[PDB]
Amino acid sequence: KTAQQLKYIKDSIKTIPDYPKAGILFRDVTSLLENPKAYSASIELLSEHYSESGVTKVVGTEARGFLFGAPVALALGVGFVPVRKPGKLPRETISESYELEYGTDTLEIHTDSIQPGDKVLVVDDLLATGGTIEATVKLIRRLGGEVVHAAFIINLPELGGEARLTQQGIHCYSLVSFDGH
């Protein structure tokens, strides 16, 4: 059943060749979002895996992360805290930076939404280089949150996200894995 749900999940994700630019494969989770079965099972499986873990908040990073972290928060019956692109959160924020191809950008979190003692699970769609999750984890930790787990629908191991998270004291968990080739 679990093994079968995973294959059903993996086949609902479409692979787009030469996106964004040529010789690059893109895994489109939106084909999963429109398959009611695959989408519920993905949230069931992420929830169940963290039932025994004592999580008090889930953090998801804008925007595809919203689609997995928020339903996981709902299933665990805990609060959801969003990490956002700059200038969207209205209350007091802190900021972290992360690298893009051509520059740098920032993520923000509300300072009142995390505090000492919170046990935080990060949920996201995609572990690629891991730069956004690294920035997200530093946000959570600067506010005294404890983060040991990050959960992903898709893992791209050839980009070495996993070991970069391990270096930062995060154990990663993922549903499916895809090759870069």
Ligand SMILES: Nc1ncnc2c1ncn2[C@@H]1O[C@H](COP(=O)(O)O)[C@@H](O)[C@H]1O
Given for the second form:
There are 2 protein chains.
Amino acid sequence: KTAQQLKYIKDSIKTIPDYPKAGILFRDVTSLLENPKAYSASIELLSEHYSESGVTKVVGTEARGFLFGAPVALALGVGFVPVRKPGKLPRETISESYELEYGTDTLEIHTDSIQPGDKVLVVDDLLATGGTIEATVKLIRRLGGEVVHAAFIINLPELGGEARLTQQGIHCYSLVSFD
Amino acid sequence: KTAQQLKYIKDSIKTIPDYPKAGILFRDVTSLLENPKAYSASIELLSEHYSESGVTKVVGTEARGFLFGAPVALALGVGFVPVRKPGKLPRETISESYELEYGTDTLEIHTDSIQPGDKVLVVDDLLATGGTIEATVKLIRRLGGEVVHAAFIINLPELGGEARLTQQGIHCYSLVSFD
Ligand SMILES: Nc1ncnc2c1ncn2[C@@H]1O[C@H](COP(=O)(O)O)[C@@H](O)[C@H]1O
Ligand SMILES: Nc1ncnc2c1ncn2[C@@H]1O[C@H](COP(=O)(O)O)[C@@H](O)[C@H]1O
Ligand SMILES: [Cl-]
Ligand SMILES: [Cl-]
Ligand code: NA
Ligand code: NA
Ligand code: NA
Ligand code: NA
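Write the structure block of the form deposited with this ligand bound for the protein whose form solved without this ligand appears above.
The next block holds the full complex; its first chain is the one shown before.
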């Protein structure tokens, strides 16, 4: 039933060793996207999960996050709001910066697209360190939105992101997990 | 019926003057994405249009193209294949470079994701000069795929892209047009 669907999704994901550099096992969701069965099931399962949750908006980060969050938004009948790298959004934004191993990056959101009252689901392709999602959550909360759920296709629990998101009050759901 | 749906889509799109620089009228699809009615109708109309076309794959370019092509792919029950900026795809790629006003850029696709026989629909947010779509088409055709249709939310016919795509043998369909 679901174990079989979850397995077919997991099997559809390819692993590319040593990309982008030696040691990393890259989990490639493009092999899932190209399999209509695996892709459609992914969206079904993520949106099923929040069907009674009261969600009013879905937020996904650029660019692979768009591929899972916008279809979940359409499946729930709610608007989709992107969080982008800087200088890509044309109306008024706020921004949040997040530490990387070396250096910092920044994400932005349209100030008009979240307002007090909104219940927001974050959806992304993959949870690693959690830094992007932590910055996204702070963006949505600055704008009065309530977020307590982030959903992913893939969780890499060894990298600590779930743990970090837990400390921000976010519950994470992932379809599959790799070690 | 449809004139009313097309109008509601057009009205949902905001225009930001002088972004990213003076003179440009930026057409912002994020106001459409945040309106579940306008977003859902957009995808309905694009996928309706190709419902009897024999499509086996949809190709969309990063990043806003993902927001329209992947939902069309799911609506047609076909796989979605991204075309990306360089160094973002992990398996074997080919690439195409395209002239910009100043300088050049490049797009890549996974060689395994298109093969002879595939009938490919390209879907993007907006048609301006046509340079990205021309490079995408050459990528898909190098891999044995047949493409004669590109679909957009928005066409800016003054910028010449439709004309250029016509000369590559591509038929373009857009929901709306601005001047
Ligand atoms: N091993 C990996 N395989 C594929 N993508 C990854 C991997 N590690 C990190 N990523 C990507 O990096 C993004 C940012 O992750 P985070 O460190 O959770 O902010 C994720 O959403 C993935 O797109
Ligand atoms: N006036 C505009 N408003 C919004 N986006 C634009 C505009 N002009 C160009 N673009 C974007 O530039 C991308 C590349 O367009 P092209 O020149 O057709 O390769 C489009 O797919 C749009 O995302
Ligand atoms: Cl800010
Ligand atoms: Cl090449
Ligand atoms: Na991501
Ligand atoms: Na707001
Ligand atoms: Na585009
Ligand atoms: Na191929």
